[PDB]
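Participant: Using the sequences and the hints given, assemble the complete structure.
There are 2 protein chains.
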Amino acid sequence: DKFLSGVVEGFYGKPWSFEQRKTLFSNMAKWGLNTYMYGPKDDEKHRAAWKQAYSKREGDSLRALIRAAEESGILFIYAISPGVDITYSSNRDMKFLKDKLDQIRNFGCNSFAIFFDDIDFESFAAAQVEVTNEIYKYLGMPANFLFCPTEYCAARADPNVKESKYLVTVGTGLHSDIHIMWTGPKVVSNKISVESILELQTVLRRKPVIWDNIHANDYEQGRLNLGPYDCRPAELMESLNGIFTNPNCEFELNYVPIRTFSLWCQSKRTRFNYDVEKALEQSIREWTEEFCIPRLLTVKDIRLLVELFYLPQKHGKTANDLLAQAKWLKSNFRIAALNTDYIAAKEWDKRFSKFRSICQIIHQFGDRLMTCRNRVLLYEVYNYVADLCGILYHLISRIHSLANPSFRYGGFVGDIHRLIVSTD
Amino acid sequence: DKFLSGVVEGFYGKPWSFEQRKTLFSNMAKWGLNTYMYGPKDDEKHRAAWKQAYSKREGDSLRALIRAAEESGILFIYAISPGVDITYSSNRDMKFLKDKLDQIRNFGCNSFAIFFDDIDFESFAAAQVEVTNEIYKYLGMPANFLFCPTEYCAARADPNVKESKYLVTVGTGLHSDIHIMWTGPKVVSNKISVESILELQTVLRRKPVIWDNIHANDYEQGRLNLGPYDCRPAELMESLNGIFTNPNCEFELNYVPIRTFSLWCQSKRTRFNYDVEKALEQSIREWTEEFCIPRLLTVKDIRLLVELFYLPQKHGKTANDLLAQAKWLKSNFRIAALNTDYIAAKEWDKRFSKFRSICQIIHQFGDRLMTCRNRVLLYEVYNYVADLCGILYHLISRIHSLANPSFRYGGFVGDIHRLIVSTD
Numbered sequence: 004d005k006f007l008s009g010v011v012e013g014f015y016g017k018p019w020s021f022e023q024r025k026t027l028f029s030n031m032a033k034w035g036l037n038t039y040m041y042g043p044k045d046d047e048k049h050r051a052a053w054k055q056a057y058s059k060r061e062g063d064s065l066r067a068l069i070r071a072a073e074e075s076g077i078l079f080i081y082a083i084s085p086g087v088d089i090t091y092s093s094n095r096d097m098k099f100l101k102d103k104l105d106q107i108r109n110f111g112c113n114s115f116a117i118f119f120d121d122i123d134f135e136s137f138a139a140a141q142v143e144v145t146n147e148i149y150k151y152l153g154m155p156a157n158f159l160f161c162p163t164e165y166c167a168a169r170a171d172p173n174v175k176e177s178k179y180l181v182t183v184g185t186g187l188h189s190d191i192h193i194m195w196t197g198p199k200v201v202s203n204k205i206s207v208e209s210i211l212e213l214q215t216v217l218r219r220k221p222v223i224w225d226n227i228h229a230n231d232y233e234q235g236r237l238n239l240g241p242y243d244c245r246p247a248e249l250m251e252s253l254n255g256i257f258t259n260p261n262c263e264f265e266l267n268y269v270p271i272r273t274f275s276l277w278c279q280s281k282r283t284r285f286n287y288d289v290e291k292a293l294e295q296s297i298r299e300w301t302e303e304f305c306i307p308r309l352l353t354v355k356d357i358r359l360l361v362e363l364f365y366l367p368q369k370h371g372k373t374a375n376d377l378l379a380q381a382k383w384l385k386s387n388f389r390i391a392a393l410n411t412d413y414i415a416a417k418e419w420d421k422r423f424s425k426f427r428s429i430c431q432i433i434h435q436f437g438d439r440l441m442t443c444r445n446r447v448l449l450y451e452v453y454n455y456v457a458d459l460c461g462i463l464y465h466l467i468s469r470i471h472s473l474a475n476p489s490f491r492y493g494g495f496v497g498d499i500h501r502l503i504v505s506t507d
Numbered sequence: 004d005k006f007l008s009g010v011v012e013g014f015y016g017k018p019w020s021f022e023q024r025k026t027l028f029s030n031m032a033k034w035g036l037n038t039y040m041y042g043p044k045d046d047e048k049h050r051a052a053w054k055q056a057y058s059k060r061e062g063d064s065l066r067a068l069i070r071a072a073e074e075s076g077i078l079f080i081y082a083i084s085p086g087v088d089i090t091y092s093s094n095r096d097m098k099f100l101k102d103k104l105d106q107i108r109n110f111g112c113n114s115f116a117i118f119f120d121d122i123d134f135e136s137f138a139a140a141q142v143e144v145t146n147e148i149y150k151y152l153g154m155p156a157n158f159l160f161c162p163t164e165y166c167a168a169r170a171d172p173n174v175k176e177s178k179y180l181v182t183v184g185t186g187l188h189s190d191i192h193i194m195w196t197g198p199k200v201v202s203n204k205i206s207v208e209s210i211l212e213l214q215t216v217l218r219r220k221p222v223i224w225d226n227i228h229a230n231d232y233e234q235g236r237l238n239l240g241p242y243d244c245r246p247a248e249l250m251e252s253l254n255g256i257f258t259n260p261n262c263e264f265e266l267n268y269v270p271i272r273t274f275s276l277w278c279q280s281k282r283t284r285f286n287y288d289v290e291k292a293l294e295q296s297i298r299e300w301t302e303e304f305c306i307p308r309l352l353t354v355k356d357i358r359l360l361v362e363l364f365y366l367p368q369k370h371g372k373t374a375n376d377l378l379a380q381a382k383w384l385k386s387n388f389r390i391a392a393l410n411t412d413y414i415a416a417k418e419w420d421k422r423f424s425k426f427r428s429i430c431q432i433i434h435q436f437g438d439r440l441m442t443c444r445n446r447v448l449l450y451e452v453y454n455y456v457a458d459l460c461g462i463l464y465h466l467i468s469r470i471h472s473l474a475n476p489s490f491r492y493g494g495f496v497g498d499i500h501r502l503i504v505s506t507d
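First to last, the protein sequences are chains B and A. Mapped onto the entry's author numbering, the consecutive letters of the first sequence carry residue numbers 4 to 123, 134 to 309, 352 to 393, 410 to 476, 489 to 507. Mapped onto the entry's author numbering, the consecutive letters of the second sequence carry residue numbers 4 to 123, 134 to 309, 352 to 393, 410 to 476, 489 to 507.
Accuracy of the hints is not assured; some may be wrong.
If you want the footprint, here are the derived chain A segments under chain B, 3+ residues with CB under 8 Å [claimed, not checked]:
| # | stretch |
| --- | --- |
| 1 | 39-48 |
| 2 | 373-385 |
| 3 | 492-502 |
Source of the hints: derived by calculation from the structure; they are not laboratory data. C-beta: ideal position from N, C-alpha, C; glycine also.
Facilitator: Here it is, written out as structure tokens:
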């Protein structure tokens with residue numbers, strides 16, 4: 004039990020394929036991080052079909068996945084969410100849990116993760142502690158046994174944030190060799206700090222394991238998190254028993270965030286210094302080297360793509376420059392189509424022609440990305456660039472319509500978005 | 004040369020697989036429409052690599068695709084876009100065009116479609142007419158030879174809309190057995206009429222073929238067009254030489270628009286009456302019958360899904376009801392948290424609880440759709456429902472925050500969207 008630094012499949016919608024998970028395991032071996040939790044929402048065998056057992060074909064597929072993870076040199080953690088209605092009462096569903104963990108142990112893996120409310134009331138705390146301790150005693154002593162609480166973030170703890178008493182019950186009543194999952198101050202989890210982890214270490218009397226969601230994208234329309242691993246210090250890695258991350262739903266776009274997270278873990282095993290921009294440019298150089306592979352573009356344009364679709368907490372340099380220029384063209388547009412007023416209109420036309428040149432070069436980047444060698448990495452990235460070029464052309468057309476003397492975009496989702504931004 | 008009613012691949016990004024095109028051909032055989040134009044943007048052999056030839060493996064794949072279309076009972080039209088810089092001048096690139104059409108004729112197909120500006134200046138009209146007539150004379154007399162002009166819509170004709178003189182040059186100079194592509198009054202092409210097609214038949218002195226884009230979705234973020242085929246009369250089908258349609262980028266979502274278009278063509282071959290709602294409920298019943306297939352939910356919830364992601368020209372009944380209720384809750388929110412004012416606040420709370428019940432039942436529809444048998448049709452539809460549930464919960468949270476005493492969504496695309504809706 005050294006450190007459980009890995010990548011989960013806690014996102015919704017996409018099942019990653021067997022070769023995608025195999026290349027993920029080989030990337031895990033060559034990068035340094037040594038864990039992989041298996042919680043896919045497409046696989047409903049561990050979520051609601053745990054009363055049922057595993058079949059022959061999907062059992063052999065999971066056995067091949069487990070032995071592929073074993074031969075790659077990483078470890079496999081099977082996350083099963085039966086629900087918070089066990090309470091050790093009837094023990095028929097506890098027998099179903101024991102038979103399910105027996106057949107997963109027959110499939111090859113020995114590490115588990117009991118989930119009650121999966122990270123995306135009352136009188137359940139001591140019952141879930143008893144259920145988790147009886148399951149952990151039934152499996153003897155597994156080396157890496159995880160447990161996700163119902164109040165996995167400070168926004169979900171309803172009595173205050175220090176002592177909601179559910180965290181103190183699962184801190185005192187559970188066995189000391191079981192890890193507790195956590196997310197941070199928020200479920201979306203932007204700008205986390207070591208003080209919340211320190212008071213959680215005070216409450217839980219053990220080091221937790223941070224399920225992170227700084228690269229997750231299932232909760233927003235068109236969000237892509239190709240940004241680096243930022244706003245987490247090295248001492249946050251120091252005061253834990255491991256830290257997982259939830260990447261994007263599309264696998265081939267997750268080269269740069271998993272590589273910056275691998276820098277953030279494996280270089281910090283030796284020395285606690287971390288440069289975000291150096292790891293970002295190293296990951297983007299390795300991503301251009303992976304971009305040239307013809308699996309069925353210079354570094355500057357892919358730097359522009361990474362700096363556009365950044366983290367949810369902060370945009371990139373180019374994105375902030377475009378938002379500042381769009382705000383400047385939107386604010387002082389009354390001097391348009393009109410000595411000092413005429414040169415101010417010429418300055419406004421200079422800024423607007425700079426904006427048109429930015430949309431033209433990002434459309435040329437879209438065509439040059441369309442002429443790529445890799446195609447399965449092309450399709451996962453093309454929709455974001457195409458919709459960005461469309462909304463940037465709509466922005467430029469709106470500014471040009473406001474220059475000289489409705490708007491439907493996004494369908495119903497964009498209609499709801501415009502209905503909650505526009506005021507009375 | 005009866006009628007070229009078919010489905011194109013003119014969308015961007017997605018290459019449809021061989022089995023997807025095979026099931027598309029079997030659906031084409033069992034529904035009635037008998038054409039398929041091949042213009043995929045992922046295949047750059049016909050767009051810029053037409054100087055190069057076809058390889059052995061992709062040539063055998065195209066030969067298998069052509070013979071699969073032949074054995075299904077439909078016909079195959081190969082669309083090639085060399086560019087508008089031919090002008091019959093050097094004839095080396097004309098020899099490249101002749102060798103490319105020779106190897107496509109060796110692959111099996113005999114129908115073609117010369118494109119100059121693909122539907123998504135000056136002094137080119139008589140040169141492109143000469144190039145198209147020399148190519149059509151080189152191929153003898155193909156039965157179905159198509160030609161897409163540069164000014165394919167009335168919004169692209171720069172001198173007026175009746176006589177831009179490019180349309181009159183390609184109407185008089187071309188051979189009378191060549192069809193001319195058209196889109197309508199707009200490239201996006203909503204609410205088209207028979208009068209524009211009548212004046213185009215006056216100008217072009219032949220019946221055109223309408224490339225339609227009423228179900229296209231590559232040009233907007235999160236747009237899904239699961240709506241029926243609407244706002245096109247039967248006499249529009251009467252005064253043509255065929256009509257194609259551009260469906261969505263995801264293949265398995267295109268059951269209902271291609272089935273309503275198949276109703277709109279094949280039932281109108283016998284009688285020109287068309288019910289939009291009867292064809293919509295027949296296509297949604299056949300889509301539930303296809304929904305139950307376990308290829309790796353009652354009719355009311357899939358009716359709710361189709362009525363949500365409707366056409367770009369008009370929303371459904373449920374979507375208009377939700378927008379009207381959101382506008383009503385947004386408009387008179389000042390009576391909230393406050410005799411007549413108190414019962415008005417209770418009426419406001421009744422409408423807000425109705426809105427919360429609508430978001431709850433659409434999240435339950437999301438979970439019940441997640442428990443489906445088909446998975447490759449699950450993943451193509453899950454992202455739209457998940458982002459709709461997220462933006463509806465954000466709408467309800469904003470209305471509840473406005474009830475009793489920034490906003491980041493979409494990333495950079497949503498930032499541009501909020502920057503072009505919000506005013507000074």
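Participant: Hint by hint, note whether the structure agrees.
Facilitator: Going down the list of hints, with the structure as the test:
1. 39-48: With 3 residues in contact (Cβ-Cβ under 8 Å with chain B), the coverage given for the stretch 39-48 of chain A holds.
2. 373-385: That given contact holds, which follows from 6 residues of the stretch 373-385 of chain A lying within Cβ reach (below 8 Å) of chain B.
3. 492-502: holds (count 11)
Of the numbered hints listed earlier, not one is contradicted by the structure.
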